[PDB]
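In structure tokens, one chain follows: the form solved without this ligand.
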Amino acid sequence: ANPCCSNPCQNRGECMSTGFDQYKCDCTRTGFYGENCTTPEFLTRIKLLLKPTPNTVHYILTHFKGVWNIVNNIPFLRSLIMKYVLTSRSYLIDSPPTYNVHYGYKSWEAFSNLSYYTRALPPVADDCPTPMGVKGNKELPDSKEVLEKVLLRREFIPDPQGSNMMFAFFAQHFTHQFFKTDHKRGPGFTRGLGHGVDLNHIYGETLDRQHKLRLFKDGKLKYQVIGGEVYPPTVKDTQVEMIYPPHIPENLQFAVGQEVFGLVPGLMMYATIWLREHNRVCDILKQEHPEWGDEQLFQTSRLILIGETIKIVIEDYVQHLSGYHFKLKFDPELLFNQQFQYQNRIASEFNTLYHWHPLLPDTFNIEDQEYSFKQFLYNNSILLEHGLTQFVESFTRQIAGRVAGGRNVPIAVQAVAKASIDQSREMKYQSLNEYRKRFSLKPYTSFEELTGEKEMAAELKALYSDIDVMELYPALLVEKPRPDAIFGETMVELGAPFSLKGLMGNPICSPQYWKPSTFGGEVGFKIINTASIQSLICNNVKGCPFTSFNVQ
């Protein structure tokens, strides 16, 4: 019965029920008047008649390599750009946070509760007629279908971008701090109240945990040496909470910031690395400050590491993920005169877009061997067996599956991807065209447009009928990739903002934090400013096995 059901209000306008069967649009600071926030104002026009399509830009970003090389070696220029990129996004996210699962209108309970996941777009009134408000049928295509009909991988599709296993597990490992949905509660609730890059996966969310993972000496994290190698410590020695299957031997039950991380030798590997990184830093500090305390070292480290991370992600991970020729730079000093809200709340959407299963290979080739999901899972014995070094090298090449192309979802991952759809539905997610419009994206006029190819498209049009009624998550994996890219435009234009927020919006990136002091001074500062997934592995891993998020 909700007169807003139809998502009438345009351009970030706000719909309000001005009576049982009537509504109203809050076209405030939107740039458009009219009952629907459509009629634009002048500057609006000129603003749009100077707004280049993302594809256009993306293009320019990935071409003229020669020129990009020029700028890539001209500090002010580079920054001037990187900044532009920074700022280009910025004005997109709703910070401070607004809606969430249960709240379609701004509410204190909303803005306050931290267990919720904020929503870039409001849900749909449970009173609304159709799942997408009004357009569509009493229901949505069964997921199993869609799942199969266009998602599940038939022939493994490699990511044209060269995304190796390293990248995959990173992204996997990394994103696992922010995204941490508490299911006991629901799909919409997170358990990572840190709502951002806080390496809680390395040090636990609660202090209690953190302390058990702490050695309380030189601010180092409790560790353990197996076969002359540094590894996370046992659950039987730290009593830390770790999610493991009955058979696992105590000598194998690893304890780390994240309780789930034991079920994936891929994850565990990274852990071990970072863990090693931390303590590595501790030593460097204890060198600088022979007069510091355990609790100070431990805390300075965590600050420096968080820095590195934010760096290695933006400058490596994200860099590669974009395939731009411009070298992405991480320097907060760029927002020091930019109206930027150094804060962040994690959105449901951003979580879903994450469901990057396609990356997942069909087997896991470590050195000679090749493993199956059925094999890999919870078999850290694997990790122990081959060693970090090999793992690195190995994973540094085993290309990962493309993700936007279509039907490239491992069958083992079956269950998951389905949920990914089922969920968004429960959370009354909005139409993909809505989320498209939201981020100022022209909506897809035909399934064929969304895919390019006519196969799936037609196959989908069968299922959804109205392009509008197309679900986001799905549309994302099926989306029509960019020229050899791994993602479509949609997935990029959504995570780009969402990301550079929690990335930049992190405390340490704020003025009264960005300084040597904050990190034990210059030395420990440099560390962050000179951090690459490369060195991260170089230092922490034996023999400095070369690596990249790119398979050569």
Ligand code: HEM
Contents of the next structure:
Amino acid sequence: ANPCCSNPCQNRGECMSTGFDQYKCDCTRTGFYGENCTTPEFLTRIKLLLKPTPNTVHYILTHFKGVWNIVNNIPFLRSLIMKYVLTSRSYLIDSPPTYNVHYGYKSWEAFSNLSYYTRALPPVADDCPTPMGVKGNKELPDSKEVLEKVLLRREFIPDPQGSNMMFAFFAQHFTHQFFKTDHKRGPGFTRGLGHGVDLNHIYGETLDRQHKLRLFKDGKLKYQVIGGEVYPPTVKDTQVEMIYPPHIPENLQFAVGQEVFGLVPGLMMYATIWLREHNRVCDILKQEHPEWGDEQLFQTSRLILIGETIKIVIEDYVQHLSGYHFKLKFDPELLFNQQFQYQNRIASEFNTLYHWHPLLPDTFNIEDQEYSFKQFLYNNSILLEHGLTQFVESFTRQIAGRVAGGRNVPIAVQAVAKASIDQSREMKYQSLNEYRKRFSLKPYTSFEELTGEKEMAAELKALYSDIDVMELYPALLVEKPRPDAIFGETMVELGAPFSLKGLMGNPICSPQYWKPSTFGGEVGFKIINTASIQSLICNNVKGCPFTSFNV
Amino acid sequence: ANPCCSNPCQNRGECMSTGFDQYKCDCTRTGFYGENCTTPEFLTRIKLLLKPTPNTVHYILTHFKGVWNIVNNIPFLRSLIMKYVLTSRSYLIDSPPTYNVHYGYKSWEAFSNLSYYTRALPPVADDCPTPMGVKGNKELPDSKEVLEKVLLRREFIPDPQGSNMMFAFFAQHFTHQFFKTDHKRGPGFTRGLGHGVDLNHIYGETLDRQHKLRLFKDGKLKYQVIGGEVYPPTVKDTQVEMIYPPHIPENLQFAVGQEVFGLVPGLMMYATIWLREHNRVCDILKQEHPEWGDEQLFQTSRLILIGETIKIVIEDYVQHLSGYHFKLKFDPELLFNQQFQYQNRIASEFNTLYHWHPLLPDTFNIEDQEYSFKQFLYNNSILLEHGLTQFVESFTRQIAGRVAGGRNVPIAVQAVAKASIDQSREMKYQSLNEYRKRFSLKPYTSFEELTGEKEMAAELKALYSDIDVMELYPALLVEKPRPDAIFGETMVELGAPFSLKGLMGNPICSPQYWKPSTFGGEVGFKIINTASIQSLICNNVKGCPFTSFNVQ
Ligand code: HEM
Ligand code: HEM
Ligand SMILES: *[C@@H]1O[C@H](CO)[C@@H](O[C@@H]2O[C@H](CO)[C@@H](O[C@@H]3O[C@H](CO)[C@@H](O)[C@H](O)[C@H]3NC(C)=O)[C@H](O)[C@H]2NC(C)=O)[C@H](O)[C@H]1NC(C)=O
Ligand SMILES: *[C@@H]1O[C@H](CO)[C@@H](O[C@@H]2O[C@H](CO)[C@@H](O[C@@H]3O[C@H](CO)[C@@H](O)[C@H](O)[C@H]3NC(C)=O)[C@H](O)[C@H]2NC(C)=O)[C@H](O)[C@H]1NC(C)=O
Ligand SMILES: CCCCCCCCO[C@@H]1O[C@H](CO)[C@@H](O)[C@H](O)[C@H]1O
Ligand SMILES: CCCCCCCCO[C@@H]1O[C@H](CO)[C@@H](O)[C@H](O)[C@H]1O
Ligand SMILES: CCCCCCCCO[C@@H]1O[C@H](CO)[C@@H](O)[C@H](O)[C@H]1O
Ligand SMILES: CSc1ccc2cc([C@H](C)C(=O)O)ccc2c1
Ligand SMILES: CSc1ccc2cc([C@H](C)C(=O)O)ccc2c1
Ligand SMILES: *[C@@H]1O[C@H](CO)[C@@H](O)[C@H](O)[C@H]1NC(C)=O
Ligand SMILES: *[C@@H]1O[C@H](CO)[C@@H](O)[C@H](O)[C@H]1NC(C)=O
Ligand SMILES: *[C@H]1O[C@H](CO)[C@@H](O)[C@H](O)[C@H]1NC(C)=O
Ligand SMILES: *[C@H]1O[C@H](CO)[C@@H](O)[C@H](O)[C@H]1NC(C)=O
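Alongside the form solved without this ligand that was just displayed, please also present the structure of the form solved in complex with this ligand.
Everything in the complex follows now, all chains and molecules, and the chain you saw is the first one.
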């Protein structure tokens, strides 16, 4: 019944029904005009001819290493390029946010209700004849058939980019502060009301949970010492709620900011490292300010760690992830003369694209042992047995799996990958090509163009029939990757806008926050600006072992 | 004992303790340097020479009417000036917000917790020797004495700008959507978690309250017809909570978005008008969109009424109180090429300054009846007896009181004015002169310079002793007003930045929202851009009576 089902409006245009069978496109500030916002303006047609494709831009950033080495050592040029990447990625994000799972139009409910994930593209209306609008069959192909034919792992495919298990667990740990689906409400709802890098996975979402995790002396968090080593406190000591199977004994029930971090020893590894980092910064600030009380020591330490997180994410995590020869920089001062909104809302599509379960290996290799999924999960004894030092050493060496390229999802995690497909359909996601068009990409003309391959493409041809009906999530995992890279085009071009906006949109990056006094003076400001994944491990892990995000 | 108690850092520099008896001033991006951020930069010194005083700017804006009449008719010049008044005012507001009642330093708790009012200036630390820091006596002057000497009304002092009761009640109605103090928690806490113009005073703060007020047909809100006239529904029929005394009959307990709006018929008048406006917009949108369901019709009408509100507040309400000959403009497009943050947090000081109880007359005059406070309060039968038409006609004629100039607070609300002094002390407010410096104003050197008069000044000097110890709230009500104006310098120079930032910081003013599609097309978009206080009354009140924010 809805005439906007076909998604007729192009180039960020907005559809609105003007009757039972009539529609109108709003072409305001698109650079286009006409019935479908397709006829380009004079300034736009010049920009389209001069605009290089993402593949060409990726090529320049991954080649000419000698030139980039000179570029990285000229401060004003490095700053200018990094300034451009922050602005050009961020304008792709709507801020303040617009749509959500229940609203395909703008409303005060969609803006004001923080329990929703926002949406990059509006949901397909309930009264549309097909799930994708008008194209394809009345039903999408069975999710289990899609899972088994093109997604599930036959043999382990390693990442050619060299990502290790330190990278995979950092990704899981970091993103689980802002990806916290409220399952009793639905897939499109979140428990992370801060919508970004607030470190609620260390400090808790609520004030009650935070206060239960705090020592209330010297700004520190509660901790226990087992075998001479500092670990998170217990559930018995703190009374915080954690997700644990009934057989886990009281002494192994570790209590951290996020309730699900006891599921994986890899997560509990980073939880321990960051807890140790917080108390370490408290010691530094206590030395600097003996006149400060517990409360200010805690709050200032939290702000420093937020700064540290964004610094590490940009200059180590995303740096390795992009695979660029250009040296990325975390510098809020770059946006001070630029139009930028210091706010963020976590998008549902950002959640979906970040389901990087192909990263997971067949077995988890620590020291001399190889642990299966059943042996590894919920089993924090492994952490106490080997220790943090051995965890860092082992996970730095162990190669993670390739995400794009197809057929690399572990069978032990098949239900989660099936859920990603089923819940995307529940939230009425638009097709892959619609999302590609939304982020300035050319739509795929065939399944062979998507995969860069013949076998999987033919299997997807029989299931979906049409390329304009292909779903976003399965396409991301099967997509043709860049030369010796972990991801394909769509992942980088959707992920970069969401990521950088969520990192720079933090209040600590705003002009009134980005100053030494915010972080307790020059000493706290220095902790942020000199932070790295290596120094995080060196200061908090015994022996100062070597680590990086690649093998 | 805290070294930052004296407030040593000047020009918006930040104080940080570097020991038990040592401090450090962070002069980052202030334009100043030195131990106290007092030594100006080269370009800062130049800017301070060319920068005119607020009094000089006010003069030019309130004089040369023949020149402004030409300026208003030149669209690019009108846009240029309005752009400047938006950007230069908003620059004074920290966004994202910083301090609150419990935090004199920046923290995540202060940023994230929406239950707090934000603070333009940090609170005086709990360990400071005096309430204002280091200056003054151990205790501030008796609040009863301050109230009775310089604040209380002897005889009614009318506003020289001509403000009427339509203005007074609009101010109360409008601001009470974001000024909603959570007295269960304390004076520094709010119930208005939207922190701006969301129209929760019509639609409810919570979703549960909204649905109890909604008809769920044609996007409309529930209503009743009493004597051929549309009024809000009852508490009995809807189960929405309202604050009423136990003696009020069921048929007189009207239920609206804001729980306190049964307090005065003046609030209920505007509640009824806006309720009628929402359902009127619902009929307009149904004509344009027969295919639309109830949910979309309701949500689109809300966004439209939010647009109408900001339009009326800028072009009619703020226009009148400013007293400028320059025609102000509501145009979000003015900020699309400017650095601006589309977010807002309500400041405690903005709440404090907006306590405009001197506006209230001794009696409320409707038709040929003069109602006392005792007769007026919690009495919705007055509204039913006279009707909305007579209410609008009467309130347009009745002069409101002068806010500044001292001694004009109605005795009936003396406890409210005393509470404002007490709660400001409770929230550990910095001095008047500290807030003046914060908003780029020269500090007063005497109480005579503050009042422009000799009697009240001497009364305040006997109480406070020092001008640097004078409190913000009482000073706003006793300040020397501008020529024939309602407010003094401090009220305007604090009020304008808070007000304009709140209005333009609304998401509907952002580029992705500010387009016809958001408001149901060109028809719904026109409703916003043509909205006025006259049109609001004309479309919703029988007989389209003349209305204005000033007396004729
Ligand atoms: C260590 C082994 C892992 C296990 C056992 C695991 C398991 C799970 C499970 C059970 C869910 C809930 C699915 C649902 O909604 O029904 C989930 C969601 C998710 N997974 Fe994993 N996962 C693992 C590693 C990872 C890694 C390395 C990443 C990469 C970032 C990742 C990304 C995500 C994300 C972003 C979600 C959604 C979170 C939310 O919205 O609440 N996972 N995973
Ligand atoms: C119509 C007669 C009025 C009465 C009877 C009245 C009474 C009151 C009372 C009792 C309070 C304290 C609320 C409480 O603590 O329970 C209050 C607060 C306040 N008044 Fe009025 N007032 C009136 C008119 C006005 C007007 C015309 C304005 C101008 C805008 C105004 C501005 C305010 C503001 C901004 C607050 C603070 C609200 C809050 O923090 O929640 N009032 N008033
Ligand atoms: C953000 O949006 C969410 C989705 O609308 C809201 O969550 C919903 O709140 C509703 C109202 O409280 C709940 O309705 C329930 O069912 C009926 C009305 O249909 C009522 O009689 C019940 O009292 C009410 N409560 C329950 C749980 O039975 C919804 O159940 C609830 N959940 C969902 C996913 O729809 C959020 O409230 C909203 N957040 C805010 C702050 O407004
Ligand atoms: C925004 O800040 C508010 C002020 O700090 C918070 O409100 C306070 O939350 C506290 C609970 O986290 C309450 O204090 C008490 O804490 C003890 C812990 O030992 C509990 O047992 C009590 O149940 C609890 N309250 C009671 C009933 O005594 C405060 O009552 C409460 N209010 C004030 C004015 O302090 C908000 O929680 C915070 N908002 C968010 C979202 O974090
Ligand atoms: C080598 C110099 C280029 C700087 C890197 C810019 C980062 C990528 O920039 C991206 O490029 C895409 C293709 O042009 C566009 O679709 C995106 O809008 C843009 O953000
Ligand atoms: C010469 C400027 C006239 C244009 C009207 C601007 C509206 C008032 O602008 C205000 O002026 C004050 C005094 O100059 C400043 O302290 C404020 O920062 C500024 O916002
Ligand atoms: C109409 C007379 C106005 C002058 C009152 C100011 C002088 C202080 O007089 C006070 O007036 C209050 C209000 O009536 C009373 O509650 C106090 O008992 C009284 O002391
Ligand atoms: C969330 S997945 C992802 C993949 C690739 C990314 C690349 C960049 C670089 C810096 C760019 O802007 O091109 C940034 C973030 C990215 C995130
Ligand atoms: C809340 S009290 C108040 C007093 C005076 C105001 C003046 C202006 C004008 C348009 C300006 O910016 O000078 C705007 C808002 C104002 C608010
Ligand atoms: C938990 O870890 C221990 C030691 O690494 C191992 O022996 C045991 O098999 C694990 N438990 C489970 C349930 O597999
Ligand atoms: C309420 O107003 C009516 C006029 O409609 C008046 O007769 C009555 O006395 C008032 N009630 C009170 C309590 O003063
Ligand atoms: C928009 O494009 C053209 C108008 O140029 C028209 O033929 C077409 O039907 C419209 N809609 C769609 C679904 O392409
Ligand atoms: C700050 O100003 C000077 C330093 O130039 C210093 O002597 C003085 O003591 C300070 N003033 C205050 C407010 O203490």
